[PDB]
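We have chain A already, so just place chain B on it with the hints.
Each chain, letter by letter, is given below.
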Amino acid sequence: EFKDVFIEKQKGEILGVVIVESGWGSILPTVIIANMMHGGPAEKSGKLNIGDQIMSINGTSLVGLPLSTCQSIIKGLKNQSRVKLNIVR
Amino acid sequence: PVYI
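Heads up: the protein sequence lines correspond to chains A and B, in order.
According to the deposited numbering, the residues represented by the first sequence are 17 to 105, in order.
According to the deposited numbering, the residues represented by the second sequence are -3 to 0, in order.
These are computed hints drawn from the structure, not numbers from a lab.
One should not assume that every hint holds.
Claimed, not checked - With a straight-line cut-off of 20 Å between C-alpha atoms, the simulated SDA-like cross-links for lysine to any residue are:
id: 1; chain 1: A; residue 1: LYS27; chain 2: B; residue 2: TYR(-1)
id: 2; chain 1: A; residue 1: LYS91; chain 2: B; residue 2: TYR(-1)
id: 3; chain 1: A; residue 1: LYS25; chain 2: A; residue 2: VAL79
id: 4; chain 1: A; residue 1: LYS94; chain 2: B; residue 2: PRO(-3)
id: 5; chain 1: A; residue 1: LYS19; chain 2: A; residue 2: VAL79
id: 6; chain 1: A; residue 1: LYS19; chain 2: B; residue 2: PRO(-3)
id: 7; chain 1: A; residue 1: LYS19; chain 2: B; residue 2: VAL(-2)
id: 8; chain 1: A; residue 1: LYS94; chain 2: A; residue 2: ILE48
id: 9; chain 1: A; residue 1: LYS94; chain 2: B; residue 2: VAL(-2)
id: 10; chain 1: A; residue 1: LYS25; chain 2: B; residue 2: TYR(-1)
id: 11; chain 1: A; residue 1: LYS100; chain 2: B; residue 2: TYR(-1)
id: 12; chain 1: A; residue 1: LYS91; chain 2: B; residue 2: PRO(-3)
id: 13; chain 1: A; residue 1: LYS91; chain 2: B; residue 2: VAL(-2)
Claimed, not checked - Cβ-to-Cβ under 10 Å is the rule here; a few derived chain A residues that face chain B:
id: 14; residue: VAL21
id: 15; residue: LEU31
id: 16; residue: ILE35
id: 17; residue: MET53
id: 18; residue: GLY56
id: 19; residue: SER61
id: 20; residue: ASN74
id: 21; residue: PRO82
id: 22; residue: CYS86
id: 23; residue: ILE90
id: 24; residue: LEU93
Ideal placement from N, C-alpha and C gives every residue a C-beta, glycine not left out.
Here chain A stands alone, though its shape is the one from the complex:
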C-alpha cells in the first residue's frame, strides 16, 4: 500500500537508510529499503520500515531510474529538516 512518509529531522542527519534495486515483482520500478540506521530519524519516526518501496522523495521521482541515481537523490538532501517520501509498504 502507498503511503506518504514524513521524516522530520535536522541537518547532518541524512536519514539513516539503505536502498537497493526493486527486484521484487516490480510493481513500481523503484528502490527497496534493504537497511536502516536504527537510531537516526528513520527509525525515530517509524513511518519508514524495511521492506518498503520508495517512489519519489520531495518530488524527485525514482520510479524508473537505477539505484545509484536514487542514492544520489537522498544523499543530496543530507541537510533537510523534513523528508516527504511517497513509498509503498
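Chain B in isolation, oriented as in the chain A frame:
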C-alpha cells in the same frame, strides 16, 4: 552499505 552506504546509508543515505
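Under 10 Å is the threshold here; is the Cβ of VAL21/A close enough to any Cβ of chain B for the hint to stand? With Cβ-Cβ at 14 Å, over 10 Å, it is violated.
Quick one, are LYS25/A and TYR(-1)/B close enough, alpha carbons at most 20 Å? holds (16 Å)
Interface hint check: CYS86/A, Cβ to nearest Cβ on chain B, cutoff 10 Å. Holds or violated? Nearest chain B Cβ about 8 Å off; hint holds.
Does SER61/A pass the interface check with chain B, least Cβ-Cβ distance below 10 Å? Result: violated, 15 Å to nearest chain B Cβ.
Next pair to validate is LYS94/A with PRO(-3)/B; report whether the Cα-Cα distance is within 20 Å. holds (17 Å)
At a threshold of 10 Å, is the proposed contact between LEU93/A and chain B supported by beta-carbon distances? holds (9 Å)
Just to be careful, I want the Cα atoms of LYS19/A and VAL79/A compared with a cutoff of 20 Å; is the pair within it? Given that 20 Å is the threshold and the Cα spacing comes to 15 Å, the pair holds.
Restraint: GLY56/A near chain B, CB-CB cut 10 Å. Satisfied or not? holds (8 Å)
Given the hinted pair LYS94/A and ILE48/A, is their alpha-carbon gap at most 20 Å? holds (19 Å)
Does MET53/A pass the interface hint, meaning its C-beta sits closer than 10 Å to a C-beta of chain B? holds (5 Å)
Does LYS25/A pair with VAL79/A here, judged by a C-alpha cut-off of 20 Å? violated (24 Å)
Below or equal to 20 Å on CA atoms is what counts here, so check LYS91/A against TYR(-1)/B. Holds, because 8 Å separates the two Cα atoms, which is no more than 20 Å.
When each numbered hint is compared with the structure, violations occur for hints 3, 6, 7, 14, 19, 20, 21.
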